[PDB]
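K.L.:
Spelled out from the first residue to the last, the chains are:
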Amino acid sequence: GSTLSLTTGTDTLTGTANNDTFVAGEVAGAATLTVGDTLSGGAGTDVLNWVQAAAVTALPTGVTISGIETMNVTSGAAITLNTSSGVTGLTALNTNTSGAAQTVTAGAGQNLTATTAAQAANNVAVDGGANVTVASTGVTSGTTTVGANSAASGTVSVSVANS
Amino acid sequence: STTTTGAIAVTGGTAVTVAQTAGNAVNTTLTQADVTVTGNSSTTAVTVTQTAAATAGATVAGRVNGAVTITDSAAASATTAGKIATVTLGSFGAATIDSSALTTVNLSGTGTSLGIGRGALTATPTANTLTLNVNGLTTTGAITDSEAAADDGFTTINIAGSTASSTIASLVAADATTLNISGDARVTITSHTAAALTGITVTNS
Ligand SMILES: [Ca+2]
Ligand SMILES: [Ca+2]
Ligand SMILES: [Ca+2]
Ligand SMILES: [Ca+2]
Ligand SMILES: [Ca+2]
Ligand SMILES: [Ca+2]
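Line order of the protein sequences matches chains F and D. Under PDB author numbering, think of the first position of the first sequence as 249, with each following residue one higher. Under PDB author numbering, think of the first position of the second sequence as 412, with each following residue one higher.
One should not assume that every hint holds.
Not the full set, but computed from the structure, chain F residues with beta-carbon under 8 Å of chain D [what the hints assert, rightly or not]:
no. : residue
1   : 265
2   : 267
3   : 284
4   : 288
5   : 290
Calculated from the structure, these hints are not laboratory results. Backbone N, C-alpha and C define an ideal beta-carbon position, used for all residues, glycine too.
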């Protein structure tokens, strides 16, 4: 497939209907998933990689992801996002912190995986989704909490390590 | 694609045909293209075919239909004739026709709504027979005679069902007088709104 790069602007990107991958990194340490960004996939080998130094805070205004099967979200700080709207066609959501909180809500039909290193006193909270997986290491005070607001369609699989 | 078919617009010609298809995969929905045809004063006929709508299933390719808008030249004129006589549809979303010369509409496949207006001719029309040939037609909503309400609609509607069953969710024809259902295969009208009707006459097999 083809490989498509988001900019610090408003992007209108449309995949090949093939193995295509969407990169939503940083530019000068400025985020590239930004207000009004609209992304479109085609055929079923579609990946969106969202990587940011800054905390993920929500999906930004007017952002719509469509036809993209896997969403990877990695932050140098906390993640808070909801993907029960704007996003359609998403089978797999993977969110990644190291040393800060997570507060994620997925749409049913989407398999959530919330991996967190060095959780410490930070709290993981996840909701909705199809199969959910929480993978937390270096844990300490942190609560882990699943489906407090909305249950999973499929299986829950928490695991938590403390030193 | 699953991304939707972008406009189609035509202006002018002796006869116009726009034939869309949809070939998307078995668990996806493609919504089809909005069509506009605007006749010039040579345009006798217009045809606008699409792929039939369906609900995205496990093994059912999903399709939504595009709006169609057909307009004759002399649609806004008080005096000029009008040339579009026949319109053929094969599936449709929110369809419109506007022609004072319109006599025949051919319907087919999966429809949302048809609104028929006649040109804003001020002259009182003498020939007021809508022939409406149906064949495998199914409608979400209404076939309306938009002209009948505040102006001079069709007095007699003829519906000829053909080779396959048809179902019109609603038929609204406020100036209609006679209604003759004819032909070859079942015509079902789930709900008519035709207050001035003096007779209905089925001749259909
Ligand atoms: Ca952007
Ligand atoms: Ca693709
Ligand atoms: Ca895709
Ligand atoms: Ca009128
Ligand atoms: Ca008039
Ligand atoms: Ca009237």
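K.L.:
Determine which of the earlier numbered hints do not hold for this structure and return their numbers in increasing order.
P.N.:
2 and 3
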